[PDB]
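Enquirer: What follows is each chain in one-letter form.
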Amino acid sequence: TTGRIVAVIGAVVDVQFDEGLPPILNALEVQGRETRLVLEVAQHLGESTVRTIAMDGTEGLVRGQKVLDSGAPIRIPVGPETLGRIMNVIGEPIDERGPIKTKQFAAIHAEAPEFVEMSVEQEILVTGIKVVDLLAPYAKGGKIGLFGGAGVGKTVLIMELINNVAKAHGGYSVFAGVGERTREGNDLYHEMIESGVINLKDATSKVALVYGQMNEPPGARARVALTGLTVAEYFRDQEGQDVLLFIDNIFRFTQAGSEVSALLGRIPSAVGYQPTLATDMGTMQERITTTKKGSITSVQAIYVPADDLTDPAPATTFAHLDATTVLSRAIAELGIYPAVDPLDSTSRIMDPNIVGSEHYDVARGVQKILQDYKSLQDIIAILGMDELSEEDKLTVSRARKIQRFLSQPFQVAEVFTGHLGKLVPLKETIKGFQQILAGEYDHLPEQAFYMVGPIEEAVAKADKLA
Amino acid sequence: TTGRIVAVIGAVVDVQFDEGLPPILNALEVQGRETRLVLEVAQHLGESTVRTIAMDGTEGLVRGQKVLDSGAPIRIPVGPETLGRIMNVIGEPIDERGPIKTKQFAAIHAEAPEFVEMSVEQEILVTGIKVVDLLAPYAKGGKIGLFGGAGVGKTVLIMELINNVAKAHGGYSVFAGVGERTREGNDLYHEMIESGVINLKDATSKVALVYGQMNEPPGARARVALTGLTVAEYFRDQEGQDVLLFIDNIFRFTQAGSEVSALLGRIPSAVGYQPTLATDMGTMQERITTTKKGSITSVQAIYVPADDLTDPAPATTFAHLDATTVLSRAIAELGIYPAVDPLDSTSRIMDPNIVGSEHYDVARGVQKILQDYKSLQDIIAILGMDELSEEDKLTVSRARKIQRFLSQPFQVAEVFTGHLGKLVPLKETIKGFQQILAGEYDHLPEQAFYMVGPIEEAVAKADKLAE
Amino acid sequence: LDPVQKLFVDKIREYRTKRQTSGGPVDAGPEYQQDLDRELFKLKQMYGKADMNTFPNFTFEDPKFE
Amino acid sequence: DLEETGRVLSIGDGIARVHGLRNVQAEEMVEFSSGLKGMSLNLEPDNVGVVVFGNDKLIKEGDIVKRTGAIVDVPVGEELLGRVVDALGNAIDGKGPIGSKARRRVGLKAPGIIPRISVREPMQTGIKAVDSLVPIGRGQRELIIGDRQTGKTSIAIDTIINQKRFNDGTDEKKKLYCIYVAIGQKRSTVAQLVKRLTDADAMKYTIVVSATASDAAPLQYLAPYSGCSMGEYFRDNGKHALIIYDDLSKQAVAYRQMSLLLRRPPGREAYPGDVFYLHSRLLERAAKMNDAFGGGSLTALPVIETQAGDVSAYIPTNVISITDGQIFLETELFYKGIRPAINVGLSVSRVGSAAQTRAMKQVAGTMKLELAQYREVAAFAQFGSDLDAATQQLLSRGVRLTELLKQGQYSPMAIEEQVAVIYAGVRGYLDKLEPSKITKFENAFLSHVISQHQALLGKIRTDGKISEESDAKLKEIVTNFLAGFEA
Amino acid sequence: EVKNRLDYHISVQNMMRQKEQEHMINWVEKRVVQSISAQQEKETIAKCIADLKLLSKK
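Chains as they are written, first to last, in the authors' numbering: chain F, 9 to 474; chain D, 9 to 475; chain V, 5 to 70; chain C, 24 to 510; chain T, 117 to 174.
Check each hint, because a few of them may be wrong.
Said to hold, decoys possible - List of simulated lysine-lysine pairs, PhoX-like, C-alpha gap at most 20 Å:
hint, chain 1, residue 1, chain 2, residue 2
1, V, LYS15, T, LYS169
2, V, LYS22, T, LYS169
3, T, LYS169, C, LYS89
Unchecked claim - Some chain C residues well away from chain D (every beta-carbon gap over 10 Å; in silico):
hint, residue
4, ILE38
5, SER56
6, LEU66
7, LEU81
8, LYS83
9, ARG171
10, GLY368
11, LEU410
12, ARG450
13, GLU457
14, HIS471
15, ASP486
16, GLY487
17, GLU491
Please keep in mind that the hints were generated in silico from the structure rather than gathered at the bench.
Backbone N, C-alpha and C fix where the C-beta goes; we use that ideal spot for every residue, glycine too.
So here's chain F without its partners, still in its complex pose:
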């Protein structure tokens, strides 16, 4: 079927398909649009005319310019060969090594897993990173939201995570560059290239990069969310995967939703927000989960919008957040890479009755200790150490050991660290803390807890010294 430009007002193209009534979300390809000018059917206005949203820019728009309905949503390559390919949203490379070369294609909406599909009570994904595991132990399938230090090697940390896990457990990754600067995607690009977690000669390119950047029309960016999902579902179900799904920064996606909302003639809402904000999300989130198919585990860069949250979206997001990451400058400032703050590396599912107090209390003891120590840190800040009880002194040192024990070298940043990285097996980590907690090593170099992997290696590191 063909459609006609009946109206173009910016990237809202109302196309009268002059003979078609393809449902909404049916992807249209505009004919005479060399560059894949996808219009997504948006409303059936009547009159065989649909409001479509151009998802590619508008130009040269002949009145009645011809459009051929692609009749279903965008079908996109889905297949492992994407790992090592940067596509735009449309699933066209932007890695430009000709096309990406799956055969298994998918229309870019996927649907929620349902009750019957569930795997009813979730599971921690473990990274082997002390901070992660301890403080916000991840859930496989879980959507974790990254508030976090900019350019601190946030991404790097993420690479490291990918490294630790997606390698470890055979998870793969999808990166949805939402609202990314070309620059930032670049940054990543080389970071991955460099890291060799994208390998343009190896399938150790473990990440398909899908980009839905600012510079696109809204629709694309908006939809990049569905798209990214669609890939991971491919990996999930098909490749059985526990996927790590980076959608970064989903916020801008959201923005895009709202942007269009207006321009979908719709009322968005107060604070600009599309009133459907939640459903959009809900529906999106509900695709993302854990099932009898694996998990799509979501590592989501999440901007603190307007550094406020009052603004409904994050507020909603909180539901959609389940384990929470604020990556923290303080920690960073302490030179500690890991730079995470524990009191933020939390999980709404991190609750003792709801996960466990082994984390929660060993942590509470720890978090206590550090904070308590923080309470002392102000005291000490005035007084020095002297005055305290020795137990406090001990605890300070311990807190500090523990702290130091969180400093963990990077494999993916020998360039920064001058070290290999490390990983820490959770039991051993914890055990570690039991030791320090037990005070066991508090007669040892505290700074031997600095930058190590196993707590044993902190211990080891102490020894060579004394």
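Position chains D, V, C and T against the provided structure of chain F, taking the given hints into account.
Expert: Same frame as chain F, now just chains D, V, C and T:
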């Protein structure tokens, strides 16, 4: 005439009567409607169509359905037999004692009494509640507004007035539970039976109950007010009567209005509030009066959503008011029941004459000190306290005593209080403050004044506490 | 209907032919079998780790002579 | 057989202007082609504004919308006590199909005063704090207001669990059919929850109506009314229904959005206000009925999830003004590890008493009060203040009492235990003990008395009212137990 | 431990039978859905019963 449902877009039932278009305020009876479905004509929309309001549900309607215009508003029995009867908006029982049989019938609108028809000057009524009288020295037959948030003891409070006072005034009353939270209306009801304030033995059951609940369409909720008014007007004019008119809550009327405005194809103006907020209300409030034939003393619950008063609605409200009972969430939260914002809770009839100067001055002194204190709150809030004039320190405490003294336990809500609440004959009150002012108590702990009745007793209460 | 019971017959016939035979699944090829194996592994973890077709043995306990 | 159909006049936005079928009933639930339902809300002449339950990516223009010719009903029946359904009343449990082949109008009015009756019923939650301090009967609208798995959700769960004993009991007259209308809680969330319920198999006496996070908004919207209808049935089959409306806040969004999509504007807080009507009407159906309704009750525990505690928000204000009290829960306490995280200064049951036993009164009167004061001296006194012995005591004790109402998540209880342990504390049996060990004490104590003094407990349950002898027996039991607790 | 062995086999046969049932069904129906013009009279019986609607509705 017959009209056809041409559009029912919600309970705005757009009717086209082809069989003329007789005036607005025509009540239409929808034919084929299980519920006798009153529509009030609102607009002759033009071309044989009227916009009407369903006040009832909109069920089963087939667009076309015949409505036979009843051609005039809802006519309802009015007069004394309604007393002790629980009526619905459509002036029909829910007493569940069947029809009411007081054969003056009425359109629920009535229009404001002429200038001459007003009782020109009203004179203080009283209640005996210190706080109340003090700040709002009651006016005979006034419209008293309860600004107030979410029935927190608000509702209890209104009741409390009813209990002490509505009892105290012997003559008939009208209670309009508008939007009323039926459960409490049950309770109240049952209580009236219980108390024998309603008796199914007499209409000397001093209260006729009208309820126009919140499971109802707006159309009902908007209009029940008019209804209640019409009735009380019966008692006022016809029966003399200081009808005590309980409206809980006018807000829901209003609310009902605002909500429809949109649907009325109108603009639901600022805050969503209808353009006509004033006129509907105003005209309505103006229907309420103490005419030269009596009083409708109206204690009108005013929900103030999120208690904003700046909020146009209350802003308007003030215009009609006579005594404002402003409930203060700020106060309330301190556990205080009474909840009032005192220096907002007022009665215009503050007078060295009317309230006599004794009250007046005492009050003015009080008002002042509290106001002053008020100044201090801000100060201490930010400046801690402690270096102030010690007179202030004293007052601060005193104010709290005064406050506390203004606090009264609940006399009905021992269930809430675990106390009985009291009443303070006005002079003991004036005196009361004079006494505290006199510092007579003020070399004491502050504690005792809380939840008290008469000031002497607060002293008594002091003693027990002075231990 | 009864011209629609003419289709219903058709299906009933194929069900028996398969059941008293198999070709893979008659109409399914390896593809069925392969899918199963992907589900079958994960279920072992949900259901235990062994003994699925063979009765569990048990062992018994000890003490300290004091 | 265009003689039961119409063509979608326009569709966009899941907003179906529907052509034809002017035969339409007001409030007719219609069915669109796709198995998707809609409701013909708005009878415009030339279209029917039909709310789409579901989505229109699943539709195209001109689509036939066929009458269902039915005003909204929900399937109703008791086998749903033992089912999780979607709003349409279809097994999203997927167990089998609904046993419910009764249907019931969802839009049934909240009955009158006379068609109702007040409460005298009590209802229990096993949550000490609750049953005591906001002691709740049945009919009652009580707002649960609270935040991100503060057990916010948990709270309902333990309560339900608690009813298990009752559903294992004979308190049929109190048999509480629980309806947890789950609004906005994702499939996963639900999955956990449901699962927990399964495990508790409270589900046998339970509907879980689930409109997850994903949902088409009208579904979400509808779902409570649905739940409501189903519960009204029970109520009306004499029973005592407990509906947990979870949460209308989200519903409100959904609706609002719906309104806005209906182009219908809103008011205050951008919110169109007849969500109040909505809910009010919904919640008005929460009531305690007279005898005609078999004395029924539908106790409503609506949930609104606070965010920001801006009760100031219209919607909370609304709800408060509707409810018969609220349980405000305080998160801070939660971080402190405190579940129940309540601020019962901010929780009230203005009712309270219809639900109470002298047993409870006998300890609670004092306690509630003690806590009030305690709280007061928590609030003014010592924290870096004074050291008057009285108040210091109140604090010690108080502090004790605090723990004592502090209840683990997944910990509903029998009332008698509760009165018992509470009694213990009330009567100051633990000032002489440091707070943590109370907890230990209690468990131990509890199991002890369960074991031996099940007699006594039994009795205490039986009379519903502690008795002086018992007091002594108890006292002894405790004192000694306590004595054991130490030595 | 005894149950764990058994219910796996049941569950596999159940899911396996549904994944036969669906797969045969779509394949049979997707093969044989052709003879409607060969036997028109499924619409003649539509018009037969449809005449016993067009008469016998009212």
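Enquirer: Now look at each hint and say whether the structure bears it out.
Expert: A quick look at each hint next to the structure:
no., hint, in the structure
1, V:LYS15 with T:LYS169, "violated, 30 Å"
2, V:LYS22 with T:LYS169, "violated, 41 Å"
3, T:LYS169 with C:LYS89, "holds, 18 Å"
4, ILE38, "holds, 14 Å"
5, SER56, "holds, 22 Å"
6, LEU66, "violated, 5 Å"
7, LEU81, "holds, 26 Å"
8, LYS83, "holds, 26 Å"
9, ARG171, "holds, 24 Å"
10, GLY368, "violated, 7 Å"
11, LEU410, "holds, 18 Å"
12, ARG450, "holds, 19 Å"
13, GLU457, "holds, 30 Å"
14, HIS471, "holds, 34 Å"
15, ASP486, "holds, 23 Å"
16, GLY487, "holds, 20 Å"
17, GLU491, "holds, 23 Å"
Of the numbered hints stated above, those contradicted by the structure are hints 1, 2, 6 and 10, listed in ascending order.
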